[PDB]
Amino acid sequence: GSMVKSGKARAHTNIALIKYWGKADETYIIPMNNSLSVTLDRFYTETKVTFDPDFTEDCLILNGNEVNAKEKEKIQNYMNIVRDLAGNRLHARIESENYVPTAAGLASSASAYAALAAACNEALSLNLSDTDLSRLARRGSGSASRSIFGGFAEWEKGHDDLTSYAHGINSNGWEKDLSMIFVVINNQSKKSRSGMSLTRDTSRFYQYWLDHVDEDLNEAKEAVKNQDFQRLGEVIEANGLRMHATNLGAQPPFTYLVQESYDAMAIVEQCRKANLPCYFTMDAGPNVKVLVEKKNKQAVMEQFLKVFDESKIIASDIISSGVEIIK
C-alpha cells in the first residue's frame, strides 16, 4: 500500500568459539566479557516486517503460526525500542520463518533478532551502520549482535548501550576453509539466560572464568591471523570447557552436558589421534559442535556415523557475507 513500509532480511545463526557467559547488565544486555563466533551458512531466519498506520498492536506470525500471549508481549516490548529509535509510533506485522533445527536443539535467537533488526532498518530506512545494527540486535539477544556479520565475528563488551557491539573479523578468507558438524544429542524435552545468570551471580568458579577469558580471546585471534587451525582449536575447546566448569560451581550446581555429550567428545579426540584435526564446543545444552577443516569434514562425519544415527549428524559450512535484505 501507499502508506505501507516493509522490509525483509535473512540472517544466519552463529556459534560462539569464545563463549558469551554472564552479563554485566541484564536490562541492556551488556556482557561480562568479549566473545568470538563463526556464522553458519546452513541455518538462518528470514523475517519480514510491515509497518501500517492502521495497525493497533504488533503481531508476530512464526513459521505460519501465531505465537501466544507471552511471546507476543516480548516482541511488542522489543518493537518499542525500534519505534523509539525511529521516532515513530507505527506497529508492525512480523512474519518470520526459522530455517534452524530448533526441535533438534539449535538456537534461533541470534538469527531471529539480527534478521528482525535488519528488516526494521530496511522497512524504515534508518540507514543504520553495521555497528548500530549490531547494537539494535544485541537488545534482543546478545549473540544476535554477531549475526549481523559473516565469517569470524567479535562482540566487544563495552560498558554501556553505546559501546557494546560486534564487528566482523577479516581472516583472509580462512572462513571458506572451515566447517562445523552438529551432533544432535539425545536430551530431555523439559523447558540459557536463567542459567547464565545463576552462574554469573553465584558460581564459586566464576572468577576462574574471568581470569582466563581475555587470554583465550587473544590467543584465538592470534590463531585466526595466522590461519593456525590447531592453535585455534585447542584454545576454543579449553574455553568451552571452562564455561561448563563455571556451572559446576553455581549455587546449586548444574550441567548442560549428558553422558552422550561426553561420548561425542571422545570421538573428536579419537579423530585427532587418527590425524583428523577437529575440536568441540557446547552451549546451553548437550549438543556437541565440531569445528573441522572443510577438507576433513566428510572423514570426521563418517567417524560419527559409526555411532550415531545419520539424521543426528548435520554439517554446515561457514558463510562469508553478513545479514542480507531479501524479497
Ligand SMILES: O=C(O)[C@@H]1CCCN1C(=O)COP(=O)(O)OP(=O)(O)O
Second form
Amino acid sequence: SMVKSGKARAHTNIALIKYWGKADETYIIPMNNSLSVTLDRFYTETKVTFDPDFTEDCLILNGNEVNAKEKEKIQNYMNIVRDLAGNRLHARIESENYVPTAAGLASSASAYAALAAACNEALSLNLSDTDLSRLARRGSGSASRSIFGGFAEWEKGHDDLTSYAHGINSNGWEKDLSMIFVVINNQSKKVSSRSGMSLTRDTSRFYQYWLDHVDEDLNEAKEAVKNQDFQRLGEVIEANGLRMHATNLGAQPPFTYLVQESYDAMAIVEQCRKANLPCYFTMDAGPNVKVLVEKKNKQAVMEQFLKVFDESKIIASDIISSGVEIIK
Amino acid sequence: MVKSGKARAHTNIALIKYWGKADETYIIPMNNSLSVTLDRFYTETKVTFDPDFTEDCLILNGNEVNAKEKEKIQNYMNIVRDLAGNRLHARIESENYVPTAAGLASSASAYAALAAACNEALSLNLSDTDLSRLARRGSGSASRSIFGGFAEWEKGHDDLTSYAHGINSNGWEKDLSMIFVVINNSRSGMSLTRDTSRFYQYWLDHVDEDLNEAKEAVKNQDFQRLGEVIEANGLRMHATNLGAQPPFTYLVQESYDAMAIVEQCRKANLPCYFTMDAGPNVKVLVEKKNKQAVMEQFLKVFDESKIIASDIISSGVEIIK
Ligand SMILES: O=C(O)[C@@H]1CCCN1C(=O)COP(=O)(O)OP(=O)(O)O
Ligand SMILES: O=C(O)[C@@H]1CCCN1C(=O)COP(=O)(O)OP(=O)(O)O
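For comparison with the form deposited without the named molecule, provide the form deposited with the named molecule bound.
Zooming out: every chain and molecule, the one shown earlier first.
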C-alpha cells in the first residue's frame, strides 16, 4: 500500500551521425548533435520498486546481483531521480537486457531510457518526452535518443536544460528500413566508449576535422530523410562514421576499434552496392559492423554475408516506429 | 664488349609521406615528400650488359624474381636502353641487406642502386638530379635514395621537373637514429586511396604546411618540432586509407602498442616519434643520445629479435669497385 512501482521497455539505437566527445563530462553534454535509428529487435525491460523501508538502492540484472561498484554507480544515478521527484525513497531495480551484449552490442542506451521511464511511471512524475530524454541522458548520452522510435536526433544544447533528443517524423520511412549486425570476432579485454571518446576529444590531432564537418553531415542526412533518399542518407552516414574512427587514429596515443575482419565486412557492403543491392555500414565503440539496408533487400544482402560469416553472426533487426513504453 | 657496373643504395623512410600519384606512367606524385636515409638497410646491385643477351634477367639474393617484378624490370630497362641509346639487355644480380622476412626491404634502395649501376655500366655521367629522375621511373621512393641524410622529392609537374635533392642539415643526421619495431600481420593501396578516398582532400590540404614545418625544424635542428609534425603527417596518411572505397588499414593492434610506448617515452623525458609505411612495422625516430634508453623501454614489452636500430647515413648512393 506504500510501495510505488513502474516498468518500462526501451529499445537500443544506433547512431548514423555519431555522438563522439563531450563538452561537459559531469552532465553529459555532447560536442555535436547526433542522429540515430531505434531498433525493433533489441531492448531492455526495467522494473523499479520504491519502498520507504528500503535503506539503499538495489540493482538486480538478468536475475543476478551487481557488484558493489555497479551498485555504487546506480545509487548515484537514483539520487538524481530522488532529487527530481523530491523524495528520499530508495528502490529495487530489476532489469533484463534483451540485447546481444556478449556479441558486443551496447545496452546503455536502452538501459537508461528504460530506467528513466520506469521511474517516471513509478513516481507519477508526468515528465514530458523532453524531460525523460534529459533524465536518461544523465545516465548515458545515447540513452537520450532511445526515448524515441524511428529516427531521433540529440540536440546538444549548452546545459542540463537544453541538451536532449526528439523524434523525427520521416513519413513512415523507418518502416521501409532495416539493419544487419555483423558480429565480429574481437578480444574480450575491457573497453569503454566514455573513456575512448574522452581521450580522443581531449587530445586527438584530427578532432577539429571531425568538428568542422559534423553539422554539414547532419544537415545532409536530415535532408535525405525528408526526401526518403536512401543513397543520399547512406553515403553521408557511412562517411561520417568513418571520420569518427579517423579521430581515434589522431589520439595521443592513437587507437582503433576496427579489426581486419571489420574491413572484410565493409568490403562486402561495397560489393553489394556494385551488384545493385544498396547498403551502407557504420561501426561504434567496437569491431562489429552494422549495415543499413532497405527492408526489401535485407535478405539478399544477408545471403552475401552468409557466404563468408557464420550464420550465428549475422543478425538483422527492423526499425521500430514507437518509442519507450510502459509495460506490466 | 660487355658493359658492367655495381652500386649500393640505402633504403629511406618518408617522414613527410609520398602517398598518391598525379601521373601513374611517369611516377609524378601528388605532393612533395621528405625522407631520411638509413645506414643499416641497403641493396647492392651489379648489372651486366652483354650484346649476346636477348632478354633482361634479375637474380635477387641468388634466386630469380617473381613474374610481376620481372615484367617490371624489363619495362624499366627499356627506359634505360632508351636513355642510353642502345638495345642491350642486362643480367642483374642484386643482393638485399635487410633482416629476412620482416617486412623491410624496399623498392627504394633497389631502383636507386639499379639506376646508379646502369649509370656506371654505360658511363652516362648523370648528374644527381637526372640520376634521381631515372630512379623515380622505377619507384617513386627510389628518387630519394640517391641521397643520404635528409632528402626531399620535389613533385614537379613532368618527367623533367620531378626529382629529389639532398638537404644539408649541417651534420644533424649524425645525431639521429631510427628504431624499427618488427610487427607481423603500396602502389595498389595508394592508388585506391588517391582515386577514391573520402579523406584524401584532407591530406592534400595539410601536406604542404607539414612539409614546410618539417623543413624549418631541420634548418634549426629542432627535434621536438620535427617529430611532432612528422608523427601527425604519418597518421593523416593512414587516415586517408580509412576513407578509401572500401576502407583498409596497414596497422594492427601491436602497431598501436608500439606507438603507446613512444608516447610514454616522451612523458619520461625521452623524446621520440613514430611513423608507419605500407605495413604494420613501427619506425621510431630518436636522437642518438636517447637511443639505448628508448630501446630498453621497448624491450620491456617486445622481443629483442623484433627491435632493430639503425643510424641515418650521411652519404648517398655509391659506386662499388
Ligand atoms: O552510440 C553512440 O551514440 C556513440 C557513437 C559511436 C558509439 N557511441 C558510443 O559508444 C556512446 O556510448 P555511451 O554509452 O552513450 O557514452 P556515455 O555518454 O559516456 O555514457
Ligand atoms: O616510402 C614512401 O615514400 C611512401 C610513403 C609511405 C609509404 N610509401 C610507399 O610505400 C611508396 O612505395 P613505392 O614503391 O615508392 O611506390 P611506387 O612509386 O608506386 O613504386
